[PDB]
Every structure is written in structure tokens, then in C-alpha cells.
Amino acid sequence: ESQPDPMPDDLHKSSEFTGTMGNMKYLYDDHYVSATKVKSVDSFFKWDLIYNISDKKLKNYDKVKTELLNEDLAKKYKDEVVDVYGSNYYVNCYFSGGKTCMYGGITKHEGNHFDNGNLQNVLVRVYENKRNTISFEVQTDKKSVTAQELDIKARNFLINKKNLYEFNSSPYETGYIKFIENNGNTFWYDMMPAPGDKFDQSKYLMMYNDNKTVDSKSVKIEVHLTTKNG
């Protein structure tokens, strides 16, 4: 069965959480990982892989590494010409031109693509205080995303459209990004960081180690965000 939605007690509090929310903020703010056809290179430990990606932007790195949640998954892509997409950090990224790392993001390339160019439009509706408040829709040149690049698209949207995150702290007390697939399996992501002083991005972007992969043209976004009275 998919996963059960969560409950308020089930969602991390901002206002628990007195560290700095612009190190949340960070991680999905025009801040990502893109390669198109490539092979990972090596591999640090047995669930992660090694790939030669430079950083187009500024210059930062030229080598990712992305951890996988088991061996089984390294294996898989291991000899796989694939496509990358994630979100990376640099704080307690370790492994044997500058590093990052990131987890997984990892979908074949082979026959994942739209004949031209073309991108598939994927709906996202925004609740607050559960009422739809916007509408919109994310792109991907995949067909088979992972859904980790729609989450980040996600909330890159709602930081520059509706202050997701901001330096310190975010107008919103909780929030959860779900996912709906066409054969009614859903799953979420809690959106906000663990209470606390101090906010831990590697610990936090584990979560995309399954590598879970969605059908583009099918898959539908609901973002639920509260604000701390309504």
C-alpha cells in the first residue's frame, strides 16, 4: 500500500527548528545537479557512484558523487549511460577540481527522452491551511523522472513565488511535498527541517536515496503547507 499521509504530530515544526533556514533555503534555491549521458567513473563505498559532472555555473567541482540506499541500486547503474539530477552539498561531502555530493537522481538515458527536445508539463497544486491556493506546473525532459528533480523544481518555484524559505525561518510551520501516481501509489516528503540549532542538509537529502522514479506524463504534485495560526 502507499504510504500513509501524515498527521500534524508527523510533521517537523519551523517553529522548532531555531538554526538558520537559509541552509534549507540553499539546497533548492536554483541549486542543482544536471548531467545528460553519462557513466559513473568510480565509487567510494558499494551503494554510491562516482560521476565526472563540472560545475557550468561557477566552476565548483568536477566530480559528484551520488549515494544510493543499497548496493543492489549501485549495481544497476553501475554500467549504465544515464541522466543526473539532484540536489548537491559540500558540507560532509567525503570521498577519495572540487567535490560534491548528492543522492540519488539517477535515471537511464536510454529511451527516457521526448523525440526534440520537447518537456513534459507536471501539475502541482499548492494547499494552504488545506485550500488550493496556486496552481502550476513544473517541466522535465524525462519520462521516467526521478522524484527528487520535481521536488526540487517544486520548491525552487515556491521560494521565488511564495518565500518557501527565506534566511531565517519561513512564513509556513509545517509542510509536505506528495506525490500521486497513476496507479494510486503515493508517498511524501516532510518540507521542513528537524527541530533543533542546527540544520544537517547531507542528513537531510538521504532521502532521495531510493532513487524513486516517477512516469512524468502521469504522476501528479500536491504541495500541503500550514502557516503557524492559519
Second form
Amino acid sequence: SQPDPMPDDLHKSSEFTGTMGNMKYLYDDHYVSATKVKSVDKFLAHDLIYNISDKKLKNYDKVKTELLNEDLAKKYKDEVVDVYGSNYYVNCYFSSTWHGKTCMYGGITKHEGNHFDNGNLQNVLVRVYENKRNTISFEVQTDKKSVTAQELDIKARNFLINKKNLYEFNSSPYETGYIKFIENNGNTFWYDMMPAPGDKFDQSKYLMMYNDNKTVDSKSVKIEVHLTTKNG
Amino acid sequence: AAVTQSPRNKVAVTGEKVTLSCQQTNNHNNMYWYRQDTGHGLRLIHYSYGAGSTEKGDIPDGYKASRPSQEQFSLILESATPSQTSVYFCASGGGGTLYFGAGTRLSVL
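Any chance you could show the form solved in complex with its partner chain after that form solved without its partner chain?
Following is the full complex, with the preceding chain placed first.
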């Protein structure tokens, strides 16, 4: 249960002098999705590779997902799962020519049992606080009883890139940003929505936070996005 | 045809969103967008190390960029301006070596 953070905990986008379009890239209608798949191959101990061919463009036919530790990957190696996460190409390596390949972290959920019976999707409410006043709420939707934090994180930020220009090419409207999950069991964790200071953004590393393949009971988990501004 | 620029001639209006595509056939990781001006040799506006990546070069103001795929890297003028009226070159890079395209002249009325 990581405790709500304070200013000297959080990233300031004004401390970022690189291209925020590189942050944006990862949450603007950008995600590897696949329904019912089994590992086909493997690179390091802690990874799993799938045949998930690029939906939109033609940028990849194989997807490597890196998990937190070996046994985590074995946990899923030979399981019929569901994939969904934010993918990256710079510094994505995996010697199995012709590349046609992408990488990501965690993002793996068991297939069978984990879907809501009929049509029906579950709606998860996201409260957004901007400088404290809760100025907008919304809902993201899924189809898995047990949905990765990743997955609802990505949808949340995608909606916000659009409805609040969470991300832009050059910068962001907000100085700080973080996204808190609070579970029924009383558990809570938050992720920094902003890139570390400096004139470079490592996409590989930022996403690595999804290593844990953390999952959350969609039906009851809550979501809080807290946004801060400075100059107004 | 190692680098292809399109359109090779464009005529835009002041304050109009303008996009100049670049295709490379070698699949190099890095791509660059410059603009040629007399006495200015060739200045770098934005470059990219991969699908997804995009980085400010020396004169990135007034322009955005976009790496949809390994082949396409494009430059974008959010709101074209007379000042942005120049001739534009993109390259694809292998290492210490560049491969340029035929070039693109733009007029912003």
C-alpha cells in the first residue's frame, strides 16, 4: 500500500525539456491487444513472446512482453491468455532477419473464466482532480473481470489526452500528474504520469513499471487522477 | 529510391496545417528532416531513432514530427508561416552515413 505522494515525490513536466510527444505516443490510441493467445517463443528468462500482428499499421508480427521475474513468466508461459498494453520500438530487442517486431511489459491476464458472460462490459469510474477540485469524472470499459492496472491506466490517459490535452507534442498543461488505484481490500498504489527530468524520455524504462503484471478487480477498484498546474 | 519526398513542390496558405512525408526503403533506425537555405547549408529541425520516437534538432520551433512506422517519418507545420517558406530535405541514417532525398520546396503565401 504505497502512501499518497507529495510534491518532492512527483515529476514536474517543466523539469522535462524533451519532446512530450514521446510520452503522448504511448497513450494516444496506442496499445497491443490480443484475445486468447499462447506463448510461441521466449528470449530471456523473464519474457514471453506472442504472434500478435499489428492491428492499425503494419509495424509488428511478433510481440515481446517482459515480466518481473522468471517464475512470473513460467506462471503464464503455457497459458491461453489475454494481452493488452502500451508498446515501444526504440531499444526493443529480440534476436529469434525481417524484424516486423515490438515490445511491452506485463499486460498478461488468463483467458478462460475471466470474461463477463454475455455482451456486457464493466465500466470503471475515473475521478480527476485538478488542483484538488474534482472537475470531471468518466468511465473506461473493459471485458475482463480481472483487468491489469496497465489496461485501465492506458484508457484513462488516452481519454485525457483528448478531453483535457493531458499530453501534447511539445509539453503538457499540467506540472504534475499521478494516477491512484484504490481497491475494496483497502490496497492502493499510484504511478507518476510525467517523465523524469532532462531532455530525453526512455520509453522502455517508463513502461517497465507494468512489470508486476499487477491486476485489479474491475467491478470494485476505483481510480483517481490528480492533476496539478502552475502558471495558469 | 532509398529516400522518397512528397510532394516535391507544395504551395500553402499562411496559418494552414502542412505535412511533408518521407519514405525510406532500407529500414534504418534514424531519420532526419532538415531545411536548405542559402548561406545556411542545412539545418536539422527534428530527427527520430525509431517508430514512436521524435526528437528536437537545432531549429524545431513551429514544427512537429511523426514516426508512424520504420519507413515513414514526416514533418508538420502546425500553422504555416511565410518564414517557413524554404526547401526541405529528409535523410535516413545507417550509422556514420546519411542518404538524402530529392527535396521539397514550399511556399507559404
